[PDB]
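Asker: With chain A fixed as given, assemble chains B, C, D, E and F onto it according to the hints.
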Amino acid sequence: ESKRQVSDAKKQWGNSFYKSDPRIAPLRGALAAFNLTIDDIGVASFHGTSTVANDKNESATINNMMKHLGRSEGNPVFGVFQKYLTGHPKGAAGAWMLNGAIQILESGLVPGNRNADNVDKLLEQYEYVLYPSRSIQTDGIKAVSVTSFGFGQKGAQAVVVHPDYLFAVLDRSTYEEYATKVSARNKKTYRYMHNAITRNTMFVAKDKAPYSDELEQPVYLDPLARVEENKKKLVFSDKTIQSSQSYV
Amino acid sequence: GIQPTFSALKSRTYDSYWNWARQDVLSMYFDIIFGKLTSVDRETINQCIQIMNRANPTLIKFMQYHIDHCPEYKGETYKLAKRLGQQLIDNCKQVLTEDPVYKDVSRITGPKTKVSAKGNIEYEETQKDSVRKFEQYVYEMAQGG
Amino acid sequence: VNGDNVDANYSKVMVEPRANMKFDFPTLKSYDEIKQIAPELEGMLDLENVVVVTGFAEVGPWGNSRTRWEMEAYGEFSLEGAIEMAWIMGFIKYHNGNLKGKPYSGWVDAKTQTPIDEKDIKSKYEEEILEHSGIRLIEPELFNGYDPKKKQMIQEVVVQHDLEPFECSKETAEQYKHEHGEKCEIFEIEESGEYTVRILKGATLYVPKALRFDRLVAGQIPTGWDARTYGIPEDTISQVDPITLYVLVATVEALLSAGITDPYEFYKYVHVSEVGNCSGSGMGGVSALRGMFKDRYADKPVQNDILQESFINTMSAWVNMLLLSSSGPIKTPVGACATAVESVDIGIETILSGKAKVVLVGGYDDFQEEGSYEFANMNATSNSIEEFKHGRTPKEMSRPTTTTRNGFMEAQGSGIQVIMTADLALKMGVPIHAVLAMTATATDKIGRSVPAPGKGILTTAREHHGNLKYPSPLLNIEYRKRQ
Amino acid sequence: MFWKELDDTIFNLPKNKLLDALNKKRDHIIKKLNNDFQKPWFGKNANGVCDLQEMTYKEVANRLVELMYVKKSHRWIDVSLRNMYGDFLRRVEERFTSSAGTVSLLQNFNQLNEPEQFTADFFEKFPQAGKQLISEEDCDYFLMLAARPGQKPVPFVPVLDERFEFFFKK
Amino acid sequence: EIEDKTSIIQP
Amino acid sequence: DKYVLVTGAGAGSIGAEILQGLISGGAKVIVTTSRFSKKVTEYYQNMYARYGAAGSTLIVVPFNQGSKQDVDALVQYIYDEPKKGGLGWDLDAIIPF
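Chains as they are written, first to last, in the authors' numbering: chain A, 1500 to 1747; chain B, 388 to 532; chain C, 968 to 1450; chain D, 850 to 1019; chain E, 581 to 583, 622 to 629; chain F, 678 to 774.
Hints listed in this document are in silico derivations from the structure and should not be mistaken for laboratory results. For each residue, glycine too, the CB sits at the ideal point set by N, CA and C. Accuracy of the hints is not assured; some may be wrong.
Claimed, not checked - Cross-link-like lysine-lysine pairs, in silico, DSSO-like; alpha carbons within 30 Å at most: (1) C/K1118 with B/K469; (2) C/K1091 with F/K705; (3) A/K1566 with C/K1436; (4) A/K1732 with A/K1705; (5) B/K397 with C/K1116; (6) D/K881 with C/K1069; (7) A/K1732 with C/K1060; (8) D/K1018 with A/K1731; (9) C/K1412 with A/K1566; (10) F/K705 with C/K1118; (11) A/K1680 with C/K1436; (12) B/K423 with D/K974; (13) C/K1235 with D/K853; (14) A/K1705 with C/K1060; (15) D/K1018 with A/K1730; (16) D/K980 with C/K989; (17) B/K515 with F/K705; (18) A/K1555 with C/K1362; (19) C/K1322 with A/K1510; (20) B/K397 with A/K1566; (21) C/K1422 with A/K1620; (22) A/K1687 with D/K1001; (23) A/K1555 with F/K705; (24) A/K1731 with D/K881; (25) A/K1730 with D/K888; (26) A/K1705 with D/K866; (27) A/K1502 with C/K1235; (28) A/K1705 with C/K1235.
Unchecked claim - Interface residues of chain B toward chain E, partial, derived using beta-carbon atoms under 10 Å: (29) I432; (30) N433; (31) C435; (32) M439; (33) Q474; (34) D477; (35) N478; (36) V488; (37) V502.
Extracted from the complex, chain A is given alone in its bound form:
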């Protein structure tokens, strides 16, 4: 109960301090949780669906939200328009847009719309956004915005911050313990991928549940029931359910 109190205090003062303040925008506060400003969104992944209405409305709304949030004048977001390359996969769109947004984060590279033959003169009035037609390798991108507009009046925005700002809220010992685990998992995944890409066994269809038909409901009713390994298989066992050693 004290661990909950510490977690709730950190929530109140670090993560969602902006939930109750009308003077802090959701986008301002979301970045400010990581001590980042609106100037730190480097890339805007535009829904960019090669339509007359969407590519004007989306640029206008990104310009307006960057103009209201007090972006430094002369600091446009680099607009990436992935749909020129992949097309528009209505449901999958925002996923490909988001996945690329993560790839843009780690590399720092901003892809360019290589079909940007001629950007609208109607898009020059949006100074808070830039429209690359050529990949530019930057020195580091703090955050990326991904906006997707669907049919039936459903706009959506995700904002993706670099993992470096999560690893800075935690102490040295935690980071160095996490790093060794990630390195070990990286070799395990390396082995798995090299085996699977050569033997066509990447998707291992599972016929059995971790719980047995007789331990299915006891696992459901224990918030602490967890899987153990045996014979290279992770399964639920009789001795791990409602255990007296699992709440110490």
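Answerer: Just chains B, C, D, E and F now, with coordinates in the frame of chain A:
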């Protein structure tokens, strides 16, 4: 060959200098900090002239944000980026409200044919020792021969 | 003078380069340097209330997230990334064992099945990987014979001169008579026991016809992409529609991007009731909707439970049945184009509310004949005939932000992200690829046009600026820190 | 004695259950091979006797030099073993070179006659080969090399798969 | 060098 | 304010190095290509993106000068008003290379 191929709906019109200027400024800016462009180079002057040919009041605001907040402490290439960017800003400000200009600062090259010892002919367009810029080009073109 | 044996040693033997496919979790910087990137932000966020993307994967026109990124960032495939395209498009297969008698363990061609040098992968398949991937002309062999140039309809024509009779069975003749009434005749063949049915004057038949349809170009999954090569069992292939094959491939590969070789490995750290799946499609299952709506009407041989494969929430169901076997929060957004971003919204609000620790969030759709025609009738997609008149190749009329753009271009595939709590990612040791700081969804306003976009999402920047004499101390990091 | 127990308990069994029996007895078989038999278990990473796939290229090469080259006599067990080591180094060098038409460090196998210093220089050039685990492609290329005809059979057991009798006895 | 209208005295 | 027609200005020609000079000075140039493809228009797009000074415009048009039906149609496209489908220009220079 006499087959008519013109169609008014295949015309490709290119106007958006305002976007390409801002793209090229920041392309050169990261070329500087990653060690790909120094100020002594001659193509750097060419593309800085092409940036000041496209200078708009919003383009100097674009340049100044990235020059003011260019972090000097990250390395010496960031010092070079800030100095060169500030000089280009100062040039674009006074070129601002003036007339875009075709100034070719290419390094003048002449022909040299040489036969290698193995017997190969190579024609190299070599940089001229006596004529390095079109100012000297015009002077020696007026010189006759 | 020197002979042919000494001069041969004058030349050096070079290294024959080959691929070095790694998985490459994001490069972790040292703690000392990452405390320089961010100032003293230590110990100030709740790690349980931070959602981080730990894995991600795609099934798109350019393959997976690695090869799509190679074409996006560079525009040319690397040698490691061209071999991935050759592997997914089925150009090369990894043979191990005896080939033509000689023992060989390496990549071999598929059409002729001969060993290939890994420089010869690019040199041999640059022209075929690029021609059968990305945005290209619709290929009917990827869509059950759908040729847009020959899009098939049926025209209802009333017969003016009665047809000659044709021979059919007991129930089919009874069905014909039941539907046609006095406008047909059925007679049993006493020698055979089967009927002859004659269609009379005035009965309505359906004469097939074809139209040349305008939309010829789409972003297909690369030709030769198959779910056999990813390990999908042929039973699942034969039962389930190809959208869920894309979903399963993207899901397993996203878990691999999260370092999760075995999906049951979540339960080592998290309760089974806390591994959710908040992914969803905008229209998914259209291959089964076409089966139940148009293939049943034609009395075509159709899967009996085709209806439960047309659902949008059945695809996460297949992920749970085949891969996760979890009892966590199942959710399924339907947001048309903005459904993989509202899937993230639903997943984040699922995690932060404590409902789940791991949630799969994403989106997926399929390209089919019917969705393409209907997007064409509503003037949403670009006309390929008009773009070809303007001298546009299929790789250049998907033109966002461009002056002469004339509509979107429909693609197909899937995209999945394994998103997770930050402290769970740090305990599991999974690659934290990103931090999902914010996600929002919004409706526009009163209107009379469903596909008309709007500025409803502008409310993500809504803040109040009436009184600035006292700046807000809450945006100050140190005031919050000492609080 | 290990030969006798091994061919009494595993090699006699049919091929269908042979892999299963090897999987069951793996730990005991590896333990016996390491400290009791002529041909040790090849796989040995830092801190423990491992499997072949979970070894780095540098340590695979070092283990080959350990079991195939003889330190005290300063000669290889057999010249074809030296040739196999050279071919594996060919694969390692090819693995860690982006396409550039570079020049091979190993241009002739006769500079493997003293392999410690050459291996040190080779994995000085490729520091990342001492950190990347051996890939599956190179892992079973290793098994192809270990079983090439017209070659002395390797003095170690690299895998415990169906062709374990071939590696253990031949 | 970078730092525009130069006058001519000797054409 | 100089409106130019340039014919025979393919990549690697004198007509293409005057396009860089014309567009750099702010000229509004129609450029003829007898071979209209993706790489021709991309070459010209790159030329405008690197040398396209403020106010400069570059229209890449297919045009066969061996066709009189293209010669009279191109000048009509250049001189007709934008309401009629043209450009509404008045050429200040013609460079038929």
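Asker: Is B/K515 close enough to F/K705, meaning Cα to Cα at most 30 Å?
Answerer: violated, 33 Å
Asker: When you check the alpha-carbon spacing of A/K1680 and C/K1436, does it fall within 30 Å?
Answerer: violated, 50 Å
Asker: Next pair to validate is A/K1566 with C/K1436; report whether the Cα-Cα distance is within 30 Å.
Answerer: holds, 21 Å
Asker: Take the C-alpha atoms of D/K881 and C/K1069, compute the straight-line distance between them, and say whether it is at most 30 Å.
Answerer: violated, 34 Å
Asker: Does D/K1018 pair with A/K1731 here, judged by a C-alpha cut-off of 30 Å?
Answerer: Roughly 29 Å separates the two Cα atoms, so the pair holds.
Asker: Should the hint that B/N478 touches chain E count as held when the rule is a Cβ pair under 10 Å?
Answerer: holds, 6 Å
Asker: Straight-line Cα separation of A/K1502 and C/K1235 no greater than 30 Å?
Answerer: holds, 22 Å
Asker: Hint validation: B/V488 versus chain E, beta carbon distance must be below 10 Å. Holds or violated?
Answerer: Given a least distance of 9 Å, the restraint on B/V488 holds.
Asker: Within a Cα-Cα threshold of 30 Å, do A/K1705 and C/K1060 meet the stated pairing?
Answerer: holds, 25 Å
Asker: Does B/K423 pair with D/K974 here, judged by a C-alpha cut-off of 30 Å?
Answerer: Between B/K423 and D/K974 the Cα gap is close to 26 Å, so the pair holds against 30 Å.
Asker: Given the hinted pair A/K1732 and C/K1060, is their Cα-Cα distance within 30 Å?
Answerer: holds, 29 Å
Asker: Check whether the Cα positions of B/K397 and A/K1566 lie no farther apart than 30 Å.
Answerer: Distance ~37 Å between B/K397 and A/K1566 Cα, so the pair is violated.
Checked against the numbered hints above, the structure breaks hints 1, 2, 6, 10, 11, 13, 17, 20, 22, 30 and 37 and satisfies the rest.
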